[PDB]
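The primary structure of each chain is shown beneath.
There are 2 protein chains.
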Amino acid sequence: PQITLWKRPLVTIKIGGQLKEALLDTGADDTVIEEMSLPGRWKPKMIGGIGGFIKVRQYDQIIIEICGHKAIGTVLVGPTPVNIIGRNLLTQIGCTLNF
Amino acid sequence: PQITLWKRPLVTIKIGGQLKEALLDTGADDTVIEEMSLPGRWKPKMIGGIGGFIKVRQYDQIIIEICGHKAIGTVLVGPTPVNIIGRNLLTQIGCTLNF
Ligand SMILES: C[C@H]1CN(S(=O)(=O)c2ccccc2)[C@@H](CCc2c(F)cccc2NC(=O)CC(c2ccc(F)cc2)c2ccc(F)cc2)CN1
Ligand SMILES: [Cl-]
Ligand SMILES: [Cl-]
Ligand SMILES: [Cl-]
Numbered sequence: 001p002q003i004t005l006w007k008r009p010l011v012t013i014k015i016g017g018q019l020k021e022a023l024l025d026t027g028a029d030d031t032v033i034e035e036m037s038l039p040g041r042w043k044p045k046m047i048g049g050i051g052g053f054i055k056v057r058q059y060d061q062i063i064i065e066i067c068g069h070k071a072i073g074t075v076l077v078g079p080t081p082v083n084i085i086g087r088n089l090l091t092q093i094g095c096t097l098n099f
Numbered sequence: 001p002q003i004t005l006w007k008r009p010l011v012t013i014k015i016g017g018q019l020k021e022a023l024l025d026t027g028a029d030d031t032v033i034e035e036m037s038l039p040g041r042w043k044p045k046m047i048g049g050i051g052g053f054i055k056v057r058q059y060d061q062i063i064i065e066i067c068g069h070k071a072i073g074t075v076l077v078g079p080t081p082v083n084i085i086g087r088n089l090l091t092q093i094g095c096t097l098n099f
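Just so you know, the protein sequences line up as chains A and B, in that order.
Quick note on numbering: the deposited numbering labels position 21 of the first sequence as 21, and the sequence is numbered without any gaps.
Quick note on numbering: the deposited numbering labels position 74 of the second sequence as 74, and the sequence is numbered without any gaps.
Okay, chain A solo, but in the shape it has when bound:
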């Protein structure tokens, strides 16, 4: 698909058996999801920018379905104000910026 940017590019995703809304963010290196349970090992990480930093749990090798496209990668879980799909997963679905 082609997504315009008149409004926030929010899409439905499937992660850990749950349907969630997430923002496609070209300006995020990593994917960050609001508090939820995920399987496997995790390690702590700090991520931040505007308004400072937050502590998150880093889970590796997590499968996500974004607009019918399956992708696998690291997912950070923590107190983010919005679910964010970062470049680590946007590359896997072949997402590009065009102008």
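Don't read these hints as lab results, they were simulated from the structure.
Using N, Cα and C, we set each Cβ at its ideal position, and we do this for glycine too.
Each hint should be verified, as a subset may be incorrect.
Said to hold, decoys possible - One-sided excerpt, in silico: chain B residues whose CB lies under 8 Å from chain A:
#	residue
1	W6
2	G48
3	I50
4	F53
5	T80
6	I93
7	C95
Fit chain B with the ligands to the given chain A structure using the hints.
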């Protein structure tokens, strides 16, 4: 151009006759640049990031060139960690997300 997301989507911008590097960010509603002098009056604005809200200065109808494409619009100035081109200007240059 078509920009892939294996690296951060950093481009050259020109604002106030100066070249700067900025990130194309589909996850940002607005454009925010690091401290610099802009003409005219400014208005107060709060923007929310991953860690909370920050105060910035809102300047309107500012001329800015993004990757060679001319735009004229709102530019926020504040303590952002990187210069960010948000949807207000990405729409002006005809930027879309495609997969
Ligand atoms: C370059 C980084 C800079 N920041 S970040 O927080 O520092 C960060 C740094 C490292 C990792 C993750 C995030 C982000 C954009 C922030 C931003 C601007 F920069 C300029 C102008 C506006 C805004 N904010 C929004 O538009 C609100 C919006 C939002 C998106 C991401 C977010 F995290 C927090 C909030 C939103 C809120 C609620 C909701 F329901 C839906 C969407 C992402 N790109
Ligand atoms: Cl990854
Ligand atoms: Cl590619
Ligand atoms: Cl604008």
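| query | Taking the closest Cβ pair, is B/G48 under 8 Å from chain A? | reply | For B/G48, the interface hint holds, since the closest Cβ of chain A sits about 6 Å away, which is under 8 Å.
_Would the hint on B/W6 be counted as holding, given a Cβ-Cβ threshold of 8 Å to chain A?_
Constraint on B/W6 satisfied, holds at 5 Å.
Problem set entry | Cut-off 8 Å, beta-carbon criterion: hint that B/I93 touches chain A | Where the cut-off is 8 Å and the nearest Cβ of chain A is about 5 Å from B/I93, the hint holds.
Practice prompt. Mind checking the CB of B/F53 against every CB in chain A and telling me if the closest is under 8 Å?
Written response: Given a least distance of 6 Å, the restraint on B/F53 holds.
Does B/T80 hold up as a contact with chain A if the rule is Cβ-Cβ below 8 Å?
For B/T80, the interface hint holds, since the closest Cβ of chain A sits about 6 Å away, which is under 8 Å.
message = B/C95 was flagged as interface toward chain A. Is the shortest Cβ-Cβ separation under 8 Å?
response = Holds - the Cβ of B/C95 comes within 8 Å of chain A, reaching about 4 Å at its closest.
Practice problem: Using Cβ atoms only, decide whether B/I50 comes closer than 8 Å to chain A, and label the hint accordingly. | Solution: 6 Å, holds
Hint violations for this structure: none, all hints satisfied.
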